[PDB]
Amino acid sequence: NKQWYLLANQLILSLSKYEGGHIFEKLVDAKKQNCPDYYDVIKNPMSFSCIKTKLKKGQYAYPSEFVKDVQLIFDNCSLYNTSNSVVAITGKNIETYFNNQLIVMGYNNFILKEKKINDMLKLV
């Protein structure tokens, strides 16, 4: 469990410091950012800081869950923001960075190990 938790903490940190990442660090303050419709659109809000809290609190039980929450950030981004907007472009770029970091760091190996383990349990 701890090997993938470490990787996730590094990776959330890599996202926070990546170009444009500050946009996804905190939850949108709908009034303060002039986004008054944001939570009428985004019903599952997520930010890097929420994910850091989940890691801090040991709330992830499987490595895929961390990836699912990060991907939710990017999915909310593309849903709320038009595809030709600066924010949507930034979110696509960070999404590519993240998915490639999953490869370079070998995080996807933990997810595939997750699956085969879950699958053998079923076959017992």
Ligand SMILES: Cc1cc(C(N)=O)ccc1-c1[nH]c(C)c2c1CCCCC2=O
Second form
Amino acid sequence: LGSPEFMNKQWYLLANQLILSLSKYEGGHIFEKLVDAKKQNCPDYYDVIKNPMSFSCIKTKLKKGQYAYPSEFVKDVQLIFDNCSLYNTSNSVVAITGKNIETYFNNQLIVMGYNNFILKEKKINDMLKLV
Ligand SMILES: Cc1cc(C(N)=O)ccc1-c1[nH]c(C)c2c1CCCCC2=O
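Moving from the form solved without this ligand to the form deposited with this ligand bound:
Let us now look at the entire complex, which starts with that chain.
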């Protein structure tokens, strides 16, 4: 019940619930799929954003088991909000929406206790490099 596999199954379920609540939050539809430069009238998006990321890209990596640490899931989610704060002007609707979901995501990490999984990840790496 306390095995490393039980914890690894836990934060995979917490991340899967997190990426669902982000997809359902207000304005979350603008981060679900990757930006189609032609349909959204942004021909220079991938000339500025070189590491694109969307909710669908994170759901796929969760389904294929491509996250080794719980901190890697947060980095992909934060990358979405970082690409949003970069390409979009600070007073644009998208940038405001991105900041609102960013706060929601960070507060959901507190409520769900996901951060405690990242801390134990760091301690385990310490108690492993010491041997
Ligand atoms: C993909 C997308 C879809 C819709 C939709 N179909 O409702 C609305 C907005 C956006 C969107 N998402 C991001 C992440 C952005 C944009 C708009 C373009 C500027 C780049 C940017 O930050």
